[PDB]
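Just the one chain here, laid out as structure tokens, in the form solved without lipoic acid (LPA).
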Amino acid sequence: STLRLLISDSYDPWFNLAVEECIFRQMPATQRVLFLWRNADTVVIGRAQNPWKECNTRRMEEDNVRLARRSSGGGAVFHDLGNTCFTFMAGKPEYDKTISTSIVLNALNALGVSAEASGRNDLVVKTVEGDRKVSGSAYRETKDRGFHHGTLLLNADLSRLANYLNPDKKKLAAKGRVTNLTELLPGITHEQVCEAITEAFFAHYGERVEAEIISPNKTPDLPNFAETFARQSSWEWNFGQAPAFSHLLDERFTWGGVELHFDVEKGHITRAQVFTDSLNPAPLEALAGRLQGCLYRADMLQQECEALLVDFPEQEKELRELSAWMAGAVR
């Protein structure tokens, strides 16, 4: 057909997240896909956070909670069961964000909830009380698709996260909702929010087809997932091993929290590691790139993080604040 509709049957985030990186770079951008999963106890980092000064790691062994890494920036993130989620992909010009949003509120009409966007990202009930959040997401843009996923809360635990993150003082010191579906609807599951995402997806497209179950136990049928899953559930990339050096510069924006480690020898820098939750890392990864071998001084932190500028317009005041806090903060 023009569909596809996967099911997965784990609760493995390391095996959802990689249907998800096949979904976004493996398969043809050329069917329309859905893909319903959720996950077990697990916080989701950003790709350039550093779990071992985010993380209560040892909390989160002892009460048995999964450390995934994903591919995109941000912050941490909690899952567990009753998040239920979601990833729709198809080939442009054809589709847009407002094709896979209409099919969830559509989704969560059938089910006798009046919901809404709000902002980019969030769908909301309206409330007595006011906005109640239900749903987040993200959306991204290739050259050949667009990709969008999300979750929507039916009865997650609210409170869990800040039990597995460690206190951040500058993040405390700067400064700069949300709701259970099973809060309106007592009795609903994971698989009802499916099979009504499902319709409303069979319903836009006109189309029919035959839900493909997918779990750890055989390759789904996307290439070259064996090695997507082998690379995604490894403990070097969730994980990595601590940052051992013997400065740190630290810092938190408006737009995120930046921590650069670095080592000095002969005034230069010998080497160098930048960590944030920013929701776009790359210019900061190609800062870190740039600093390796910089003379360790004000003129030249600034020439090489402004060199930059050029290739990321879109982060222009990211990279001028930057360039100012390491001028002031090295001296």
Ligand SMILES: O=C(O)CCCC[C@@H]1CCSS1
The other form holds:
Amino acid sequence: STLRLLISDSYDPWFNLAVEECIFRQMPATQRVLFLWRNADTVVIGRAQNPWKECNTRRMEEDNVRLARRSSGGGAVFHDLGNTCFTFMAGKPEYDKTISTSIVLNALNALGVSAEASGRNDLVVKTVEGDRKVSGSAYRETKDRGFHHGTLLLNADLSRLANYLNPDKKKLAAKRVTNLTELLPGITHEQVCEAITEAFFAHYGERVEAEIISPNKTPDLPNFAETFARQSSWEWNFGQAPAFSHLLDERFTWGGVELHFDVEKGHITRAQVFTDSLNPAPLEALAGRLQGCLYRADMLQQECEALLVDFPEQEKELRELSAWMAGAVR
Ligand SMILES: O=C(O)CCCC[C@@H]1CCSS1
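Now show me the form deposited with lipoic acid (LPA) bound; what you just gave was the form solved without lipoic acid (LPA).
Next comes the full complex, this chain leading.
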């Protein structure tokens, strides 16, 4: 029918991600999907980050910690088995975000916990010592569909991300969480799955069998095998470190940018751009128009700025980029 209920039985974060990417882009928004999963120890970076700058890869290797590059913008995120995770997808105009939020809150409520929406992402519980975050999430609407996923903090090690990242000095020179463990001592991932599952089946008035997917056999999602292959490949997750002879970076209110490149005979011969900005598009397309560019403040500014007409949301981002570059050349 309409509802699909997908339960990963696998801690493999490339498998879980592929599944996530299949929902966003393979499944028809004719379905209403709840997907519940969790990853073993993993840093997940945004698609335009450079992990050889951002992460302590040596420690990661030593401590056996996985890397995975999601396909969306933004920065690095930790996972362990003490995070329970949820993905909802459904089609429009039927579905908006308040729906999945509703479902999660009910389920928390059904666990003895009352929490609520704090800001645009998180859910928070009210505490004698103030607001304390239990759940981060992220949302996007598309043409045919909306998509919502997030994490519930059951028993995560928070502070671990620190040891796998690297000192970013500029990001440094420029700048409240609790586990459920602490409130319900016996709470399991399975238990927190039933809860959400029911709040889900409650909202829609129906139930369906759970599909227990794991990577030892193809889940029933179109093009999964290709999707899992790419998503798990070293070249996608890591990629070679960038090797060029010039570097420019800067931290901005809206993110860090490293710009790498070569100059021969006064023009750029190759160039690459990383960032942790929520939307990397306009940087991605910047590197795109920087190849061949006359290496001089005026042309760099010119190329940067021709991008405006197709990035009206990001006009400030571009302006500051332009400015920065001009000032940064000599
Ligand atoms: O992580 C973010 O900041 C954006 C998440 C947007 C969800 C997309 C749907 C399938 S994987 S990426």
